[PDB]
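The residues making up each chain are set out below.
Protein chains: 4
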Amino acid sequence: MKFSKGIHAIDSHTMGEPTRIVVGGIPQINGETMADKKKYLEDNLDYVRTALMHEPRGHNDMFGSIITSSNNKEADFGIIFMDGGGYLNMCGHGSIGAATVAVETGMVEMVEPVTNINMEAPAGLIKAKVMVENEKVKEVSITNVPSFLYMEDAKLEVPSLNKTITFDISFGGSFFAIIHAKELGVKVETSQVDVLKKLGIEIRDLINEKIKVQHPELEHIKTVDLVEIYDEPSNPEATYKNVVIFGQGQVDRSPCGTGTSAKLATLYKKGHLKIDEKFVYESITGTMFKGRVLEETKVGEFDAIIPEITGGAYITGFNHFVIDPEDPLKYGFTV
Amino acid sequence: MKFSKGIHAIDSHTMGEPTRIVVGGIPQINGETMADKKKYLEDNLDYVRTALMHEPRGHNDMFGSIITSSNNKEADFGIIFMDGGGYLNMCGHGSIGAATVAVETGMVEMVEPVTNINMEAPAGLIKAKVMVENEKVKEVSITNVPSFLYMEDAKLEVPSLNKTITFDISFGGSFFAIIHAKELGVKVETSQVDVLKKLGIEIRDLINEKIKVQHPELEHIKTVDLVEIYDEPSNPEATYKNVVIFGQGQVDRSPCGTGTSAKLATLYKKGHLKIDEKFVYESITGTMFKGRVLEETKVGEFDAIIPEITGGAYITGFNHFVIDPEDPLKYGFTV
Amino acid sequence: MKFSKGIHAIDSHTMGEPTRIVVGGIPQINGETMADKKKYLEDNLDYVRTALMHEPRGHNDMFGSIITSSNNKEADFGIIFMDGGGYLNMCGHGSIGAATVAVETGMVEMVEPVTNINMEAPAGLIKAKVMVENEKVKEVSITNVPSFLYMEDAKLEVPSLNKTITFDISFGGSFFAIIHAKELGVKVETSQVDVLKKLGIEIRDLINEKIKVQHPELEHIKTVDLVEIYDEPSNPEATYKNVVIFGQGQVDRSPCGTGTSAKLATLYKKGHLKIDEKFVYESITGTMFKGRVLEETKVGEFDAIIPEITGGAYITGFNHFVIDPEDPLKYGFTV
Amino acid sequence: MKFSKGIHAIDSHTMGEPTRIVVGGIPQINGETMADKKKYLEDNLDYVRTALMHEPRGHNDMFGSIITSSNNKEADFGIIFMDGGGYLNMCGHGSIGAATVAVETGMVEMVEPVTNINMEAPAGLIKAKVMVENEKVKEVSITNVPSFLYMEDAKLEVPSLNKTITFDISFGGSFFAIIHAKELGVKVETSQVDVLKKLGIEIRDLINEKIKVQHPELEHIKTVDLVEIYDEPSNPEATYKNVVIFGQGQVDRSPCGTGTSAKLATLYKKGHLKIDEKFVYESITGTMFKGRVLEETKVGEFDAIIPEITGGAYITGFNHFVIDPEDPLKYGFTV
Ligand SMILES: O=C([O-])c1ccc[nH]1
Ligand SMILES: O=C([O-])c1ccc[nH]1
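So the protein lines, in turn, are chains BBB, AAA, DDD and CCC. So in the entry's author numbering, the last one in the first sequence is 335, and the numbering has no gaps at all. So in the entry's author numbering, the last one in the second sequence is 335, and the numbering has no gaps at all. So in the entry's author numbering, the last one in the third sequence is 335, and the numbering has no gaps at all. So in the entry's author numbering, the last one in the fourth sequence is 335, and the numbering has no gaps at all.
By construction, these hints were calculated from the structure, which means they are not laboratory data. Where hints are given, some of them may not hold.
Restraint-style ranges between C-beta atoms, simulated for each label pair [claimed, not checked]: (1) DDD/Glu189 with CCC/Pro159: 21 to 31 Å; (2) AAA/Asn72 with BBB/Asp205: 51 to 61 Å; (3) CCC/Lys182 with DDD/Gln248: 40 to 50 Å; (4) DDD/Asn235 with CCC/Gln192: 31 to 41 Å.
For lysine to any residue, the following SDA-like pairs were computed, each having C-alpha atoms within a straight-line distance of at most 20 Å [claimed, not checked]: (5) DDD/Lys5 with AAA/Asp76; (6) AAA/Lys290 with AAA/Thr115; (7) AAA/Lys290 with BBB/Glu326; (8) CCC/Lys330 with CCC/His54; (9) AAA/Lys73 with DDD/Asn30; (10) DDD/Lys5 with AAA/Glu133; (11) BBB/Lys2 with AAA/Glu133; (12) AAA/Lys2 with DDD/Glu139; (13) AAA/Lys330 with BBB/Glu135; (14) DDD/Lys290 with DDD/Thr239; (15) DDD/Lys138 with BBB/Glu135; (16) BBB/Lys2 with AAA/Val111; (17) BBB/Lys2 with DDD/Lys2; (18) DDD/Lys2 with AAA/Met131; (19) BBB/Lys2 with DDD/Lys330; (20) DDD/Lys198 with CCC/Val195; (21) DDD/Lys197 with CCC/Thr334; (22) BBB/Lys187 with AAA/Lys198; (23) AAA/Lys138 with CCC/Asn134; (24) BBB/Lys198 with AAA/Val193; (25) BBB/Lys73 with CCC/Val195; (26) DDD/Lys198 with CCC/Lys198; (27) CCC/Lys270 with CCC/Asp303; (28) DDD/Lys73 with AAA/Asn30; (29) BBB/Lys197 with AAA/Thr190; (30) BBB/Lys278 with BBB/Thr143; (31) CCC/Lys136 with DDD/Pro328; (32) BBB/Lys197 with AAA/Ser191.
Note that the Cβ used here is the ideal one computed from N, Cα and C, for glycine as well.
Generate the whole structure from the sequences, applying the supplied hints.
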């Protein structure tokens, strides 16, 4: 058996959304800042992303992260989020899995009450309170980048079909479009996952074509990579169901940590939330994250908030991914 | 890290369609015959299938197989095909993967012109000619179960939409419905993969409600588990594009071996194919299989054929698939 | 990367003495009875034994076991013991290792109070009582082949040096040469391990040359493959320290199992033990086994006993062992 | 299954002498310089070394290296040798292993004529020319620290037995005590490996007690951690047989790399070698290295040489090493 290249990685799941965490396939990535490290990857080893996020090794949806050398102070190691599309600037389910697994494997040397983990992440730092119940990780409270309301509703226009009106956009690590499922008239359920998909991505794009997308700091992002559609929850707990469309038409199985932290900055600046006050966000599956607002913060030029998301991940296998250099799909394909 | 259970299994890929080959999770499966080993599994360890085929470990589509102690004469080891749906009686892409990887890992001590592998399978035996080019596996000619035309056009009736007419059915390890893409007016392409998927499974069901499905021997099958839609290829090589829908609404990335070994028996009995005479089947991807008729044979009560399917697989990972017994999805979910 | 072959195996350790258990690197081995499997191996795939037990993948000492398809009734799977030297007919630390790991990995589904495991082995059957503490394997009570006192002392003659006298020989799966460390004047300790080693294998040999070695039943063993030297323990618990020399001049880091089961018979028939009554055996490391006599039995011609040995193993790694066909030592070497 | 920590590491062998290369069990180790890393390890995670290099996982002899983050310029990654004893400051077998595998696995993207690798190491930098035969790694020319003749013969005194005279000492990364096998009267063979072992360490020690051991530069080594014994080769090729004793009484299955780079400096400065001119060194196994002198250099105070050692490693298995926290020998033991 010829192979050439051999990638080691840990398959987790945070609330059903898969994270595949890379470990040993490369010993070294320079980058410098954790946005530079991401750019390096993208413009150099995209072939690793595609190979592992696409078929045949992965699938549409499917999601993963690289565990780096940090460079940074305070932060243990550094995280680069990747997907079937590209490289997400920030990801809650990801952050969760990463941390869960770091401790689990004992890459971190675990502390009993809780374990604090400071990770890099392309967009600012992140900290994860990792509850451990003597023996196990019980769950994880990640505290996120400054999230905020961006552009108050704003008119939308959707060619297919009708050309509707109101919807809000907000940051939370990336830029989410938050639109209500009544607004376009979708049922945030298994039924329509694909119509949701094509609806989401079609909005994302024609939103990305003709808008002002900009962070008044970090000055790189300037994109609406994400579409959150939400509606009343058919679970008793949780304040809403959301589904989150992203990366070349994929859909999150979790409520999307970055999507909840964004949504929390677009309550609050609305009134319907006070600092703390348990938020719970329902996904499109039957799974739920325990969000809440922590503090106030005016980012660069306009008011904002720093929110705390609280999920939990499980280990679902170890891989030695390999590529037979004959395999004419050795760097993977889509559909 | 607590884990309780630990499954060893090699990811492969025949022509795009994944085959996840199980190796070392269990050291015993009694069954007896390779239909009695499939029942055992079905009724007992189904938890294995679901866990591996279904998220978060696998996906909708996705496919695999258990390498088993043989019992049988001639045959080396014994195969059991499993899928997002259930336990396919026979599968080419799988038999290909299973052979490729048996040799490639040196479970089979490789012979240099070609290696002959006799595998069990739920429906009859199968022999793989394995072409090895000093070092590597170059490709695989699998010679399939007796295929044959079964019924002939016959009544159709599709509620959504219109209620059309002609279409054929035939056996090639499993019972295929072979209906032209003009017949229901679908384009066998990426575009519509999903409408094809819901179309396929709806026909497969309402066809299985009101028909005569029966193999005159083996006397267990009696089902139309599969829907082959075909049309003129938009690849210069290959006689037709086919797309195969099966198991709980999933689609084969390959042309389907059993689908091609079926569709060969329902030419020939048609005139448009002489014994030998290269058939090439284009999948729904861009991939192709080199099929061709080998010999004549009347099965039990009616005339038939024994076809040869020729493809090729690649290794794409080694896994220690583990279940955290805290992982509430530890046996996996659908959508 | 280029490898041809790829063995799966799990590294354990039973009271320090390593047991490497083989899993996935073959799906079949015919043999028939768990002596005819051992002969098949010995006289066909010795190149597995040497490759794993010898350098550069194993070492002097080192020990391992093959998990097989059973064939037999009652018995789950089947075990084949192998060492630097050859294939050991029965081993306690092996049987322990094998059982602990079977359950732990979930190749056996675990039963809560205890799990019973019936394993084949090249000398009879063996049953392991697997104590599981809700979650974990606590330890293991293996119940062992009819042990007995064979040949009352008998004179030894040792060239280097002097030429001494008394020492006894027994059976407990294999034939043990029990001799007191005061008899040859050795200190069963770290200090002299190697003089013990060479003293042992010289006795074993020149004993094997000029004696009557015979089991009245099974009629294949007829060998003294083992040398047990014992003295007053410098651990408070345990009735003695023993060290066990075997297979091409290696030494057992555990008290040995088969060696303890042997020695128990040759108390008892001595008067210094009553059915039950805790025996504890100290190794040549600081590690201990909990042995005790279960019931009487006169084997074929002469009186005997059936003993129980109690220990506990730990997992120390997972291996995808591979052989680069260019690696001139692919099948390994000794010194 | 329950496991505290999970270490990814690749087993190799350079000319029979094992090198176990760590990969993924950690993502970080601060240190700073590839000495200050080695110290950090030595005075913090000596529980890694001992676990892996000692039983039950490793053995007496046995050896392995850590692949690090570099910090340094030019150099890809960084290397930390480790052995049954401590942490070798430089080692040929290692630097070879480490390079062979880095390319072979595709951690380095391979260049066809030869790949150049710059690795850190505790003692300076090293560069490896890695010869790749289109597909494979054929062999590896590592260029080594300025070697030299230190102290002309000097009288030894050996208590067991007689008390002999002449023997030289040199540097090649570490300080080698080169003495002829006629000098003490030992046959550098299998027969006496253990008398050689105990002779070596006893010399190494009583040499370290009463001598002047000093590098004029780097100012941290000041030790004779190595004992080379050499004699006429009973292999046609190779100028001499040497066996190399080090680290807590272990023996080197290769000729030693550092031990050859040393010995080369103490020919040459002797007149029996001209710049280039193939030197070949035989090991205490039948195995050889292709050494030669590259260029002159007077280190700090006294004359010297920079040599080039040429060998070739092979992968022998992939490990997920795991420690059951119950495993009382979790951190491993000696004898
Ligand atoms: O889980 C999340 O935070 C996420 C990021 C992108 C989609 N979901
Ligand atoms: O290629 C095949 O054999 C197959 C079976 C089911 C789907 N494809």
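Hint by hint, here is what the structure shows:
Checked against the given bound of 21 to 31 Å, the beta carbons of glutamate 189 of chain DDD and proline 159 of chain CCC, roughly 23 Å apart, stay inside it. The supplied range of 51 to 61 Å is met by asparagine 72 of chain AAA and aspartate 205 of chain BBB, whose beta-carbon atoms lie about 56 Å from each other. Hint check: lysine 182 of chain CCC to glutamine 248 of chain DDD, Cβ distance near 31 Å, so the stated range 40 to 50 Å is violated. Distance hint check: the CB atoms of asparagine 235 of chain DDD and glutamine 192 of chain CCC are about 34 Å apart, consistent with the given range 31 to 41 Å.
Pair hint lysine 5 of chain DDD plus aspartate 76 of chain AAA holds up; C-alpha atoms about 17 Å apart against a cutoff of 20 Å. Our distance criterion of 20 Å between C-alpha atoms is met by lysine 290 of chain AAA and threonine 115 of chain AAA, whose separation comes to about 18 Å. Pair hint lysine 290 of chain AAA plus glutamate 326 of chain BBB holds up; C-alpha atoms about 18 Å apart against a cutoff of 20 Å. Between the alpha carbons of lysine 330 of chain CCC and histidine 54 of chain CCC the distance comes to roughly 11 Å, so the proposed pair stays at or under 20 Å and holds.
The hinted pair formed by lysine 73 of chain AAA and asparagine 30 of chain DDD meets the criterion: a straight-line CA distance of about 12 Å does not exceed 20 Å. With a CA separation close to 17 Å, the supplied pair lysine 5 of chain DDD and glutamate 133 of chain AAA stays within the 20 Å bound. Distance check on the hinted pair: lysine 2 of chain BBB and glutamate 133 of chain AAA sit about 12 Å apart at the alpha-carbon level, within 20 Å; holds. Proposed proximity of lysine 2 of chain AAA and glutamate 139 of chain DDD is supported: the alpha carbons are some 18 Å apart, at most 20 Å.
Using a Cα cut-off of 20 Å, the hinted pair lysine 330 of chain AAA and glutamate 135 of chain BBB holds, with the two alpha carbons roughly 19 Å apart. Restraint check: the Cα-Cα separation between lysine 290 of chain DDD and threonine 239 of chain DDD comes to about 10 Å, which is no more than 20 Å; the hinted pair holds. In summary, the hint linking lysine 138 of chain DDD to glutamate 135 of chain BBB is supported, as the alpha carbons are separated by about 17 Å, within the 20 Å threshold. Taking the CA atoms of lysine 2 of chain BBB and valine 111 of chain AAA, the gap is about 17 Å. The hint holds against a cut of 20 Å.
About 4 Å separates the Cα atoms of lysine 2 of chain BBB and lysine 2 of chain DDD, which keeps this hinted pair within 20 Å; it holds. The suggested pairing of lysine 2 of chain DDD with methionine 131 of chain AAA holds, with an alpha-carbon distance near 18 Å, which does not exceed 20 Å. The suggested pairing of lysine 2 of chain BBB with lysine 330 of chain DDD holds, with an alpha-carbon distance near 17 Å, which does not exceed 20 Å. With a C-alpha separation of about 13 Å, the suggested pairing of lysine 198 of chain DDD with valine 195 of chain CCC holds against the 20 Å cut-off.
Between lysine 197 of chain DDD and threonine 334 of chain CCC the CA atoms are separated by roughly 16 Å; this keeps the pair inside 20 Å, and the hint holds. For the hint pairing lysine 187 of chain BBB with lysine 198 of chain AAA, the CA-to-CA distance comes to about 18 Å; that is within 20 Å, so the pair holds. For the suggested pair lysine 138 of chain AAA and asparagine 134 of chain CCC, the alpha carbons sit about 19 Å apart, so the restraint of at most 20 Å is met. Taken as a hint, the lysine 198 of chain BBB and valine 193 of chain AAA pair is honoured in the structure, with Cα atoms around 13 Å apart against an allowance of 20 Å.
Distance check on the hinted pair: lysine 73 of chain BBB and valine 195 of chain CCC sit about 52 Å apart at the alpha-carbon level, beyond 20 Å; violated. For the proposed pair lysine 198 of chain DDD and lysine 198 of chain CCC, the alpha carbon gap of about 16 Å is at most 20 Å, so the pair holds. For the hint linking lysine 270 of chain CCC to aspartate 303 of chain CCC, the alpha-carbon distance of about 12 Å falls within 20 Å, and the restraint holds. Under the criterion of a C-alpha separation no larger than 20 Å, the hint pairing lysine 73 of chain DDD with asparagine 30 of chain AAA is consistent with the structure, at around 11 Å.
Annotation: proposed proximity of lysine 197 of chain BBB to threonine 190 of chain AAA holds, straight-line Cα distance about 15 Å (limit 20 Å). Only pairs whose Cα atoms come within 20 Å are accepted, and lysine 278 of chain BBB paired with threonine 143 of chain BBB is accepted, the gap being roughly 14 Å. At roughly 15 Å between alpha-carbon atoms, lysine 136 of chain CCC and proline 328 of chain DDD fall within 20 Å of each other, so this suggested pair holds. Simply put, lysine 197 of chain BBB and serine 191 of chain AAA have alpha-carbon atoms about 13 Å apart, close enough for the 20 Å limit, and the pair holds.
Taken one by one, the earlier hints fail for this structure at numbers 3, 25, listed in ascending order.
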